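Removed: one protein chain of the complex. Kept in place: all other protein chains.
Chain lettering (A, B, C, D and E) follows the sequence in which the chains are written, and residue indices restart at 1 in each chain.
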Amino acid sequence: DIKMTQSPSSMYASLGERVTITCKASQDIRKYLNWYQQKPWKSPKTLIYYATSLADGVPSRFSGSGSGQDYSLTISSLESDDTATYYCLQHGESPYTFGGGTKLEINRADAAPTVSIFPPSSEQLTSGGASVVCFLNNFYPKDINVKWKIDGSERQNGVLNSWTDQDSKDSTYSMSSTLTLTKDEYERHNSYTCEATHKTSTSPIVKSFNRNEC
Amino acid sequence: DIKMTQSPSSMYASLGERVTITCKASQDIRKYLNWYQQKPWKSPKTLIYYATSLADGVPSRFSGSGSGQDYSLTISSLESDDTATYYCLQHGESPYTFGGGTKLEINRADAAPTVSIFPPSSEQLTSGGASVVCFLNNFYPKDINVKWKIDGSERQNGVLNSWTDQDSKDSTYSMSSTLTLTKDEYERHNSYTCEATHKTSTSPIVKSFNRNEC
Amino acid sequence: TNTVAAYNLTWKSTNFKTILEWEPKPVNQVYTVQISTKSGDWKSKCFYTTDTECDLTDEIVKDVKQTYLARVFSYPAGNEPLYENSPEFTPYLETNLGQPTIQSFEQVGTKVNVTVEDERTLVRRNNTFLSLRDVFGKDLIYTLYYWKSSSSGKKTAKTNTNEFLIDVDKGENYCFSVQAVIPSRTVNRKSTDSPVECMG
Amino acid sequence: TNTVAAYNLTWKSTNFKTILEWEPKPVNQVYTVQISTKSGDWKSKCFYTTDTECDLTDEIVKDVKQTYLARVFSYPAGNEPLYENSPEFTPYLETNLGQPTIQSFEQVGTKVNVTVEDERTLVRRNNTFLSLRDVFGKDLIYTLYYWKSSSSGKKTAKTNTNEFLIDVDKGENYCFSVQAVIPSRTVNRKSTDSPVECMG
Amino acid sequence: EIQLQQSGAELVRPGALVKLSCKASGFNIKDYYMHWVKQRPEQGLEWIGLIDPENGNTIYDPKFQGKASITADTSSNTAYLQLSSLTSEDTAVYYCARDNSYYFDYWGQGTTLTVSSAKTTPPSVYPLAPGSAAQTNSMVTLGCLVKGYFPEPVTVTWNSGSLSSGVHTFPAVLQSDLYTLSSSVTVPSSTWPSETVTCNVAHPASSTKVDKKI
Partner (left out) sequence: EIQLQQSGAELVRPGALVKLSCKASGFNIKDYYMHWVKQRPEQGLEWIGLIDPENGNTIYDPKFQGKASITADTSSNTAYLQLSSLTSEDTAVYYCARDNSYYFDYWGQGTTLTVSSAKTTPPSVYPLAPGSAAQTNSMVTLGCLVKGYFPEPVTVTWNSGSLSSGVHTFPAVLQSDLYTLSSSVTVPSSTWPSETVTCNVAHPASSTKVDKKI
């Protein structure tokens, strides 16, 4: 019934920078506004409560101002473990409404993924299929194109990709590429290599291994 | 193979007036239509390209619309230097087909032909022949009848006629009538004059000279 | 002292990947490269190397339509330095075009849908790599040359997207060859013709 | 001799009105009670009584934030006393909160101004008795459950003063009920719910 | 000291009804207001409803009325949340919180409810040891490849959580009803095989804990 409008949905900022997330309720909520931080795969944590009180061990760089319909959380010196999602929750009267939340991504100095390639464990081979994993950890920007090539240019599909979330300590991203051939096609070929195009370099980041169980 | 059918063949309009030339392609040509203007004795000039782009300093008053098989060029405020021939040219796949083109003639305020008569140059006479030229310049309608009379009613034939094209600046027409008597018949007579019948006037436009080299 | 300056500063680029190469090989000397846009805050890039190449991509890519100026400063190796200036470079109008590829081609009835692969470039808008079609836009016509086994005489088809929809003679062997063109350019206009491909 | 010491020393208190009841009932013996703050100069208060209850209010109210300690000495009735100590008592955190009461309520425009009675307490600052709200401050939230007779599903609203300004539906019956919660506490945090009351 | 416990995983057939639970420890729920907050995948937190274990009162977001019913057993210090008439739209993570009046000051970890028919499928943990020490870092990157499991989630830990610094668990990826998650701990070359590095995988939806030595 009583709506919260939080802005902006997402927002990238660099360390040490100051940021302001905002929540407007459609009626005097009487400072029954609370700001919550959610680190990925984590229950939420209560940053600021009653519009302006710092809570259970929150850093002094967190602060919130407000009265009635206007509320704002502000981080003074943005840091690594601030990459999280923040929500405002009004809890003045039923129903209790959380705003739409905002995701702060920290902007930081460029970084080259350190690559890793792993050949199909013999254990797995016992099953009938085979998965070569390419790990492309600790890079930045989060942007990255990966190409799997089995015996030259003849590249592929049957690959799955998954990124992590900005690390809370170095503000970078790791990836994980997996091509999943069966023992059949696995053994059909020998050269297995993934390419990572990322603008930390102008030439592909290649890593290979050859199926030579001989 | 991919036929273009442009309409109309010729089309008279007047100053300020608006016009629309049209070309239908026997199949979707994907906007690969270009309109071309060809003023008499002139390399074609590219008016609109890619269905709707005005080109190389083409006046704003030209425009064309199209999508698929239907294309049309529209001159908004018809002007004097528009008297030309337009073609649409499809060039999206071989062969490139120019449509058949449409000739635009400007309709304008009638006008009387300023006449001039020229006796055989003493220079041409040396050859032994003679050519009397009658100029019928700046007249409208292009329609005109010219008569050559050698010693009264005794008019003649052995006369050549040729017209200009609608002027690109006053929209009128000039003419040229040339009677080619040899020195013989030339000296056989003395009165030489042409008769201009044009309804700008109700009475013949006559311009004469006598071969009185005495 | 004596550490010669540089000569033969040569921009070398394909798909915006740019590298400045110069002369001569360093003789008991290092070079440092300074590149700026058109007339400006000269940015030192490849510091005191001994290579005769400097990969200036990240710079040029910031804005392909910009004209960049660079210079190499000849430094004495071991135990007011002279420099040579590079000729100007407008990435958008001068990076050669890689040779094209026919990404695929399946019949959509009476016609054959031929498609060209949309190359990715290093050029990056936001946190993203813009394709060759992203940089150029409508200002990139692909020119197709197809024909059928049967004879030497061919047929063309222009496109400023990535697929073609040609009609072909029932039960015939047709070969293909695609070539890129940057209309807007006055010079490095084309691409190498792509590897010819035939049907059956 | 023979005079039993005490057992079952219980602190009983609502709105800081504190009394210590204990056992056993005196069987030919009198008890004397000593009360001090947290570990200190004991102060006797209930002299050689025979009641198994001692009203220590005057003492606890001097500083509701302190933790009082007490003991009951057992003296032989008729013609080194035994003693048992009481548990600790921290007035501010264990006194039960008396049942609340909606003091009154009258519509203020498109809403219904509801209000809670600001109960008085034995606590005496200066020569004055402070109210419940005077003692706890913003550390006292009132929880109002209201709901319209029509249905079974309720609604809630919090306040840390004494009135609510709840909108309600034009021409409807709404009952109310409110509970006191000291948020700061870890145990006797709530009071009983105030007698439900309805509108029209 | 204080703590709230939840079922961790729960696969349920559409149409059926389920009763998540949240066991309270180190506080009495009859002194607080227990809450339930849902959260669906690419979406933010949503308030389900509350309950006052004291005088058995409950409040619900309109959106859930009928769909939910929060119950609490004050003997066993447990709050409940029973959903019903289940549709895929109920698949999300349920947290139960604790309201001290000013803010939600304790959150249970989340319960991951998955409404589906697809049956449970324990994971298949395949180790990923290098095919030879990699040229990336001084230190080496090992990995664990959890695949073919369902439903979510799988808690992947290294040396039972001791080994924490270089970890990177990548989020699951669906591929035929089953996901594939993957983890990669990165340790010094000088500590493997010198030392032991085990990736221990937990898949709660099927009471499975797999321990791999790589």
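Please note the rule applied: contacts are C-beta pairs under 8 Å (C-beta built on N, C-alpha and C of every residue); 3 or more make two chains touch, one makes a residue touch a chain.
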item: Candidate in contact with the missing chain, chosen from C:42, C:83, C:105 or C:145; value: C:145
item: Touch criterion as defined above, residue of B:62, B:87 or B:140 at the omitted chain; value: B:87
item: Sole contact to the chain not displayed, among B:97, B:166, B:171 or B:193; value: B:97
item: Chain not shown: contacting residue from B:11, B:15 or B:133; value: B:133
item: Residues in subunit B touching the chain absent from view; value: 1, 34, 36, 38, 43-44, 46, 49-50, 53, 55-56, 85, 87, 89, 91, 94-98, 100-101, 114-116, 118-119, 121, 123-124, 127, 131, 133, 135, 137, 160-164, 174-176, 178, 180, 207, 209
item: Hidden partner interface residues of subunit C, rising order; value: 141, 143, 145, 153-156, 158, 179, 181, 183, 185-190, 193
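The criterion applied here is as follows: only the chains that are shown with their structure count from here on.
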item: Among all chain pairs, the one with the most C-beta contacts; value: A-E
item: Averaged-CA centre spacing for the pair subunit B and subunit A, given as whole angstrom; value: 75
item: Gap in Å, rounded to a whole number, between the CA centres of subunit C and subunit A; value: 34
item: Averaged-CA centre spacing for the pair subunit E and subunit C, given as whole angstrom; value: 50
item: Multi-partner residues of subunit E (at least 2 other chains); value: 50, 59-60, 102
item: Interchain pairs in contact, sorted by label; value: A-C, A-D, A-E, B-C, D-E
